[PDB]
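First, one chain by itself in structure tokens, the form deposited without this ligand.
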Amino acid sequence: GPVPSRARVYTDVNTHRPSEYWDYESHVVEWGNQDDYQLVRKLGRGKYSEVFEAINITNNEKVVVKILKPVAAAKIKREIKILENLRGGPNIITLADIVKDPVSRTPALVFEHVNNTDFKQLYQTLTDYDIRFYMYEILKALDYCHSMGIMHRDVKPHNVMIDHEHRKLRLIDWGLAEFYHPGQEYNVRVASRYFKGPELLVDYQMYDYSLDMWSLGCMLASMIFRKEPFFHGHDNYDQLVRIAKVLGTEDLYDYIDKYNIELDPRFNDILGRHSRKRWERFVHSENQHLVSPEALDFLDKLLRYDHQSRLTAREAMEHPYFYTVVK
């Protein structure tokens, strides 16, 4: 069987807290008035919710209303508890109200409004300074939630709202977020394909906060190399092959050896043999101004197969890559 693993930081934060903090099933929802909000336009639809721009007609303030689908309506108590526990934290989306949608009959979450710019238009238009500035802002949010015993589990560009005009950032969609308990085996069907950590791809269930740091590394590689996404898998199996063509197969085998994991035998006919690549192979005339020795050292310390060997969010904030950022 697989060898157990524990987070190297914030290991026992939930073991000391009173049951009320992490026992989300026991939480009682204080429902507000849905008629306080007037829906303006549909912003988007996912497999778990529909998002709307709305107006709070009492104070004329712009808000965002997230109406959960019945499939996600089952684990509403987890998302509500997490959002309340993290409320006021640096760069964390602020939950303003919870109401009962009259049409879906499911809960609807009301949030503060952020004037976001499409990442497919922004993230790939930033300067070297701005990439460093916004990465530091994301790290503030990740260290905060990890210090409060929570894993985000869906870090990706679409989950980071940025008001580039005001230089304001918010980490959103805490629908897949979970409380970290040492020794707990978790569902590997989390995060979006391109941002899934190797622990998920090899079906290793005893993962931790370090999963968010792999996802952050994928975001950084895409920004500094101008390649969207960086690891472009056709499916979950091809996703691991794309990673192995860059990081090499020897360190992958060492990883699975260390944790006594048995790879799905379907990998025997698709993985092949690959040496680790130097990051200069991805540098070209169009992205060279975004690349520095500090950016490459930082990336090297996030994109590691071994989840225990990755920089934590606090260690990442100490990195020379951020020395140029005004604090």
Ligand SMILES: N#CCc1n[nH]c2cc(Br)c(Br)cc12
Given for the second form:
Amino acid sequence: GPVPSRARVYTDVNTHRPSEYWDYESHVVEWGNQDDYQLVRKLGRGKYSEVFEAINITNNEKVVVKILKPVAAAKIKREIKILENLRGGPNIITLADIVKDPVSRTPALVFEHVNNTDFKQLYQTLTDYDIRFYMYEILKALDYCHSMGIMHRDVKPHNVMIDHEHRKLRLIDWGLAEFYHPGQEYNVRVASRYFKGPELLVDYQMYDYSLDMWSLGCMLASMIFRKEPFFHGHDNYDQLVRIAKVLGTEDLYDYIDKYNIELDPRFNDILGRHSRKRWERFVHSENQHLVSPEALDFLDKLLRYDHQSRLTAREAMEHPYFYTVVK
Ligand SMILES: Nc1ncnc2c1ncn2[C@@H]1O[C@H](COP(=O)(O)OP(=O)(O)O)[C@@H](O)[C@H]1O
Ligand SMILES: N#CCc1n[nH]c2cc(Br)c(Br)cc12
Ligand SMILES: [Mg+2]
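Starting from the form deposited without this ligand above, please write out the structure of the form solved in complex with this ligand.
What follows is the whole complex; the chain from before opens it.
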């Protein structure tokens, strides 16, 4: 069957922490007072929650309330424990409270409010310097959560809030996050389609923190090349074909061979044969202001089929692409 894999960093962080840290099912939720929060307006509804802008009447501060749906109500302890474990970490959204919503009768997570800049506005206006600055800020959040034994598993632009006015970034939406345990087989139905790593698309379950580094690479490629999204698959199968049209099929087959993976036979008629394209193929007059040899080298080291071969968040922070960023 498939060959096992383990992370090259932070491998045993959960084995050396007390059971209380990662055993989220045994966690006893401390409930706050729902009357402290007055809902103001509905910001949206996802597959798992309804999100509202609210005011904390004990200090007149704005907050965001995520009211979980019954489907979500199952693995809520996992999101709660992860949020409490990471609380206070660099660029991690702060969970302010947990209350029982009187209408849904489900848990409602109360978060710090971010006066975030519109995501299309961010995509259209961030400069070369801004992209480097903000990529460094998201790497601080990812190295922190990885060092804490957690993988986010849903890195994408909408989960990376930026308040451009205060040069403030927060990594949000920890509902798909998981504790990393060496040898554990995880569900591959994580991350949004365009950000899914090759490990998920070929059904390799023994993945790790490096999944987040693929997703970050997808964000970087879209930003510097002005192509939203960078790998535009029509479904999860075509998603792999789009990746293979850029990275080539030979390295894909080497990756499948190394981990002894049985590729779904539905790929036999759609993958074809493709060479790796040099990153300069994607450069044009409308994106040249965001591309540099350092950006291309950094991107090249994130977007690798072999999850064990990708830069870790800490190695990424050492890259020359960030030398220009004021620290
Ligand atoms: N702390 C926050 N500050 C401001 N807006 C937020 C905050 N958290 C979520 N939002 C808003 O709510 C939505 C994202 O919610 P999210 O946690 O990603 O949902 P889900 O877990 O169902 O996928 C977006 O519309 C975003 O603008
Ligand atoms: N793509 C896009 C816009 C956007 N949303 N969130 C982000 C976080 C970062 Br880090 C960067 Br760069 C760009 C964005
Ligand atoms: Mg989200």
